[PDB]
Amino acid sequence: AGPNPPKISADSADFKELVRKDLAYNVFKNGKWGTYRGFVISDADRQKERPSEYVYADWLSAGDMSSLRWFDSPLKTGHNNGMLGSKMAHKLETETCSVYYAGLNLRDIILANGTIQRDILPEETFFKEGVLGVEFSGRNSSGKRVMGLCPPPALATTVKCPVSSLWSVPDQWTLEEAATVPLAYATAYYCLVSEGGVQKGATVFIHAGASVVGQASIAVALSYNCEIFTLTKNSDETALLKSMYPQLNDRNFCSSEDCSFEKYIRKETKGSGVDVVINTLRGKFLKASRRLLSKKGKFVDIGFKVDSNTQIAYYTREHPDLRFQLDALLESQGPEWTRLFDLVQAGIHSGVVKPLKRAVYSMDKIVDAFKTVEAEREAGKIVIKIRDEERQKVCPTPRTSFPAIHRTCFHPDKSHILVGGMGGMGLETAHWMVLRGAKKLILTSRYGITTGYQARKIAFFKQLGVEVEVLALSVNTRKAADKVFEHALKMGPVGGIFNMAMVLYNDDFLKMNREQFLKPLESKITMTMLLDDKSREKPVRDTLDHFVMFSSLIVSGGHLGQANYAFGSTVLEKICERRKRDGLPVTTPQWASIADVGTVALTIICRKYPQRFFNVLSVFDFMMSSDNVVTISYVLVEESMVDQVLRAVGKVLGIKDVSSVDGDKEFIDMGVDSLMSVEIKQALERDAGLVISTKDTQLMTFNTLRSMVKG
Amino acid sequence: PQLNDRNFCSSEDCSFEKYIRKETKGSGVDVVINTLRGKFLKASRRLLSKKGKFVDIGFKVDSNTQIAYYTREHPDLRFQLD
Amino acid sequence: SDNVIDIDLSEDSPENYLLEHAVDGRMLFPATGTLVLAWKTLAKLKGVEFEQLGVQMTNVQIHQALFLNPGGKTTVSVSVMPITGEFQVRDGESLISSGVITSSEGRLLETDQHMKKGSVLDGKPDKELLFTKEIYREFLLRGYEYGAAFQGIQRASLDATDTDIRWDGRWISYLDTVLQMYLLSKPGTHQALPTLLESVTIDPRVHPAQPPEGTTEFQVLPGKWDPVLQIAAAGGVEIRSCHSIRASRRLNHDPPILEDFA
Ligand SMILES: NC(=O)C1=CN([C@@H]2O[C@H](COP(=O)(O)OP(=O)(O)OC[C@H]3O[C@@H](n4cnc5c(N)ncnc54)[C@H](OP(=O)(O)O)[C@@H]3O)[C@@H](O)[C@H]2O)C=CC1
Ligand SMILES: *P(=O)(O)OCC(C)(C)[C@@H](O)C(=O)NCCC(=O)NCCSC(C)=O
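Protein chains in written order, with the working numbering: chain A, 1 to 711; chain B, 1001 to 1082; chain C, 2001 to 2262.
Read the hints as simulated data drawn from the structure, not as lab findings. C-beta: ideal position from N, C-alpha, C; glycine also. Treat the hints loosely; a few may be bogus.
Stated by the list, open to error - Cβ-Cβ distance ranges computed for the label pairs, FRET-style: (1) C:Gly2047 to B:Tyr1069: 36 to 44 Å; (2) A:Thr96 to B:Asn1064: 51 to 59 Å; (3) A:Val360 to B:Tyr1069: 24 to 32 Å.
Could you build all of it, start to finish, from the sequences and the hints given here?
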């Protein structure tokens, strides 16, 4: 209230003006009469990019390579996500490096475009933030220029690379050149010297000689004085390889267009075959390559798009899966890896390891870079330039910011209080925090663990390496609040306070006694002031990072019989605005009907549909990384044959108005993973007579569909 | 004399897979010298460790296995000493 | 070529329960659905009654998903090779399942679970037991919308090992409830669709016969998940080494509106 506060008292002056207007809601705030209103946040702001110090590349929708964005990296907290389960068995010593260039391999493109799910990767990467990028080249914490391989995501601006996977850049290569060496030559040595056991003078057959791993394989083999046969797509690749390696004549090149190389290699080797086969092609070329093997020859298959029968072989231990072995070695970093580290390190000194060709792409062109690798229209490495290399050779990395999308993260060394978190949304929210970094939770309840579902998930968290303490204490007195935070500071600095408590009593306002009225006013008023007070006083105030107070739509929509719950829920919404006046952190989600978890779980109330919890947590992530106090979130419930199938097909893609979107934009552009296409494929037959191919689905426009059903 | 009753199983039924995996604490066996065929061959492969090696010296191989030898999919070790 | 099966998803068809099995609004044909179709086809080829036949499927790949059409009819064309046993469920020119099915007259069941009589989950407190409500809260949060016919598991332990699967006569639902012991053995937050069951044995001669017609208090068969061998067994059924493929979650409603109370 301004210097002249209103004087509303019976026969006052300011009151008489209000009576004449006769408005149902008059609030005097910031010196003006007004009303509390819910202003819609545009959908474009949910993905708005803001400056951020630490970022990493991920995908908004899995299987779409046009949805790669830069998100906030939990490395701002020092550590990295995915420190649960197996990842806690290997206590590798890591060096925090500033990434200057990130190398792009065919492994990243395979994961990004949905050809392989992240579950095929090593189990230590199951809970990682992202799975894109392994190699990099930058500066370590001491300013030295380094390059190496680290568990993903190395497609970021800061990495925590194990000290046993980090090489030193010679003082002749720019940081740009060093970004091409590590993985290409690390895999070449693994395929030849570690798995193939190549020997001096042996004959080796390399598929896809022009690829980055193909070029590295040739260089290693030539250093071993081998007889080389390589498959080159076109004459440009053959010419390129000849220029890079003068020892190669036209006699060492074949064609990948058909399996005619078998006779050539089987005549030039005089029927002995090839000692080592680095195999990337599949189908009949795989069979022909096997038939070229000598009697002691080794077949190293590093292709990614394996068939179904050969995928069964991997499961039943019939064959070894070598297409994700470099990733597995980097997790363990045991004797097998140190052999490759020594080999590559030796190669650098002896001149075998030489930088490959390169093609730098800016950070914002990540989508274009990924498409370039997938097409394979030309040879060379694709490297994303994160920063600009300084002229000096040992200098600190300047502190800069990058545009990235929000991603909430919790400090692993800080304890988080979840008051009333042992129920409904609390347990499935604590699961979310654990996956996003939280490793110290204090769940509070009035009774304790009282159901089998609670005991199961609390046991699940403890198994993952989280420290959970369950207190049966209601915070309705300063003494209890001290006890709860005492058990908190003994686990770590208090870095979050969430209140998800509710005690509902429903009845008509006239039939409610005093005791019945103040039932929902203990977890929403009495608590929130005692938790607020603690966060305002040290040592929590300096340490506190989040302060979340869950609320309901009764504050903005109202309800019948819940006059008490409305009163308490609003006071919680105003205690969370006093915090904003004083600059303290505060968040207050104002939910609507929610599904799968709680009160509603046990549908349509006030015409609003219940939300799916996997959305509750998607918007909740937006809520935490925002400047407003309360963010209202709710869901509202919603001819010719040619238009019939169009609506059904458009509905599959997640489009509400088929006519709104462009009729010339291909389905893959909007996004068609692997299940939407089959649904459309079976729907174009169920609804009409059309029978289309799965691949044809993703490259056909809406106009094509309309013009095809008529035919 | 070194061997104890704990080191033996029964060839009549494929119950060794459970016992061996339990006794090895899930690490699997590093090398398998395999002579049995059928369901005992598959079970033996599933005890293989991450590095584990499978040496198959049985003579009465199945037709599908024999085609694998011809195709160079697998090595034929049953007449290697010869 | 061989037996063609017509799944009638009408208002009162006996196979109307197949619609009470959806994954985030997608009404898919159960992965164990193709097991019964292949199982019944082999019996029809042999001339014996499918409930008197002890089968064993191997490497059952669910090549592609079958979207059941509500209030309609879907057709499949199961085909079993006489002697080798290669079975195949297909719809037109599209493959939907594959594998090898073999019958036998001897013991086909590895785990000795068909002998267990009662239930280990007796006398335990309520805070050491999961019930039907809580088990299918775990599945629902992961995207698996099970209805009332597929909600078989009546009780379980906090370890997910022991269960009280219900036997009510329907085979497509029973084999799915045995495959639910696998899903709740891998706690998580993502949605996984099974795509390869390496071994399935459905010896019915050690399995309780169909409930007497008119029954409503269906009996419960003790089940168990073997974390060592990766075997889910209950009564006269075992499923070993079942693998799944992660799938993105679909929003059945429309995007929420976010406002700023100010
Ligand atoms: N559920 C929904 O759809 C909606 C939820 N919200 C908000 O989200 C949260 C929903 O949580 P939900 O689990 O759904 O509610 P539930 O009723 O399902 O469980 C809420 C938890 O609150 C705990 N609790 C209540 N009083 C106290 C207390 N004095 N001290 C400690 N713990 C307490 C209870 O633990 P015990 O029972 O062990 O005492 C219970 O587990 C609430 O904050 C609610 O306001 C907002 C709008 C709608
Ligand atoms: P693309 O990467 O080709 O996608 C492959 C898909 C479409 C995922 C295919 O493998 C598939 O649909 N498999 C799933 C089969 C299935 O639905 N099995 C389980 C039945 S539904 C259930 C668990 O509710």
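Please list, smallest to largest, the hint numbers that this structure does not respect. Those not satisfied come down to hint 3.
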